[PDB]
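Below you'll find only one chain, the form deposited without the partner chain, shown as structure tokens.
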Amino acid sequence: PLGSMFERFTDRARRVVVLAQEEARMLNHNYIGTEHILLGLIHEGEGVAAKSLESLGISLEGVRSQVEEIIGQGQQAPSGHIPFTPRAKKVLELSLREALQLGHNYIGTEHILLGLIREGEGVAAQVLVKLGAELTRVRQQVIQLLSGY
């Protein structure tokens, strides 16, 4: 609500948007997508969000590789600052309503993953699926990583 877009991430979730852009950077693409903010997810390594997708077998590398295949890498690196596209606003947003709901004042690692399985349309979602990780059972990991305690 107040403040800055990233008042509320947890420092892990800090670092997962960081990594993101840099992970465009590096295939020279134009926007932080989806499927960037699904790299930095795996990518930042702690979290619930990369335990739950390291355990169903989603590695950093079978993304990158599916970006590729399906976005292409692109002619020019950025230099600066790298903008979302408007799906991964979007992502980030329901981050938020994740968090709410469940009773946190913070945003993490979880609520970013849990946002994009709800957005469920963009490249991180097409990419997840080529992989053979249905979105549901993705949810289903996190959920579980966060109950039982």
Contents of the next structure:
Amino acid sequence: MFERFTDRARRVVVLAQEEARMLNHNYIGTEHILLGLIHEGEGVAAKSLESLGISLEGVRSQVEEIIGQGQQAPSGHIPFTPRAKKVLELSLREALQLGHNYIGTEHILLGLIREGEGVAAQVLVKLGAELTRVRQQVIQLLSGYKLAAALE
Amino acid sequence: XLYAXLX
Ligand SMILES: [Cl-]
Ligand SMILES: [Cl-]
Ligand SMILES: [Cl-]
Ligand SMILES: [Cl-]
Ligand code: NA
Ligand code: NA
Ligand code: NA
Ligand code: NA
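Having displayed the form deposited without the partner chain, please output the structure of the form deposited with the partner chain bound.
What follows is the entire complex, opening with the chain shown before.
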């Protein structure tokens, strides 16, 4: 639920919508969630993806090559695809399974990996970030400086 | 939640 999202995780969603709009896409899919995670730039998700060599411009290029740029930019809110909804539901599940009381960028990316079957997943693999490796990078950051920060 | 945006 968005009430439990951190400020940074809410920004991921807002940026995902902007990324769909700039591509003239009429639904926010997992590929746009991925773009929002990268565009946010500072959280666990962005750091994990950067560490595997994934870039904002590379993902944008792949989305344009796989889906195609749309024809007119939509106005207003852009609805989630069914799969993007599933990913956001899984972000909540991932936090619950870990025992966490918040939803951060880490959990959005973990939910994306857990669903594992949409355009973001296709793009990640094509660009050299295996889904299991993305998950490992996220978990390693959680076990490291995130746990350190919580203990201080 | 869970439609679009932060809804
Ligand atoms: Cl909510
Ligand atoms: Cl870039
Ligand atoms: Cl966060
Ligand atoms: Cl996906
Ligand atoms: Na996915
Ligand atoms: Na596969
Ligand atoms: Na590789
Ligand atoms: Na590899």
